[PDB]
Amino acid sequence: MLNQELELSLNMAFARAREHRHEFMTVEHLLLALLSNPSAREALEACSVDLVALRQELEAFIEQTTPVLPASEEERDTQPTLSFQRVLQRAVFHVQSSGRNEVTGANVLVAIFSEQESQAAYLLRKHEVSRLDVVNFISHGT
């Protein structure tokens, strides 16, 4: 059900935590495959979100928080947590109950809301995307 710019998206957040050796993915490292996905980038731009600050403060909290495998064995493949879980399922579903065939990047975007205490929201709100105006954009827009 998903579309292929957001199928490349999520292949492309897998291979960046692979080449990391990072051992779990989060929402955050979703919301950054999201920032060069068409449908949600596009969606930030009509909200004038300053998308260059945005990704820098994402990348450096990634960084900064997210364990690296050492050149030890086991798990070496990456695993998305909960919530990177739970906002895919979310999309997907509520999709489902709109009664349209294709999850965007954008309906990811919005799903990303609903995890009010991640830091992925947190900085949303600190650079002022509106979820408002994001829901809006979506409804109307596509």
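Throughout, rigid core stands for the largest set of C-alpha atoms superposing within 1.5 Å between the two forms. Numbering follows the first chain given and starts at 1. What changes on going to the form solved in complex with the partner chain:
Relative to the superposed rigid core, residue 50 undergoes a CA displacement smaller than 2 Å between the two forms. The rigid-core alignment places the CA of residue 63 less than 2 Å apart between the two forms.
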Second form
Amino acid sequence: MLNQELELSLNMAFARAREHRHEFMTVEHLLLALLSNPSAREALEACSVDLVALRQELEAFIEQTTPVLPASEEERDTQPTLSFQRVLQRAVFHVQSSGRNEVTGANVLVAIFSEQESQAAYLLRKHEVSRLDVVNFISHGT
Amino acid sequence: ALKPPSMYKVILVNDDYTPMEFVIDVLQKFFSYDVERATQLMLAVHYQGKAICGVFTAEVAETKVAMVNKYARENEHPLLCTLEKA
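Just the form deposited without the partner chain so far, so send over the form solved in complex with the partner chain.
The next block holds the full complex; its first chain is the one shown before.
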């Protein structure tokens, strides 16, 4: 059960990837969209993350590594990576595991850490953020 | 202590059941090669037993591999696509 703000983030990120003709919507497109999702942004600010820098690192990586669909290709369109699908399913699983239903951008951010070979998880750890830092913020603020 | 995830080679493996035409179909449809280059890669798979179709991030490589294998399955060919650290 994705809350309204997350849903908006997911749909706009998807629309932007389609306008750029990206073949794939990645976990990096996802983290980029979360930079302005209130829930996830608050958690990153609580971890003193340089959001301007993370944003640039994500945009550069997305641009250099995401294949672009050719004009000719009008039969297939942007699709999520397996990694992206797993993060969303994992965010729902984690929330339901605690008996709740409302999924926020912050829960999605927590789930990203489990995609160990994703550039997004790498950039988050590079900015000294751990899964537990985020869970602590969600549980206890500060 | 932190290194970026690495890039991956996406490979097409040879088999005796899958038609050359389908291998070419796959190279054009999932890797955007034109007929000429797809044909060269199909011959390489035939002779070397396998060939690299592209190099991508681990995340993108995993997805392409799944897409190719589902397409082969759907068309009932045992065409096997795999990935390997670059």
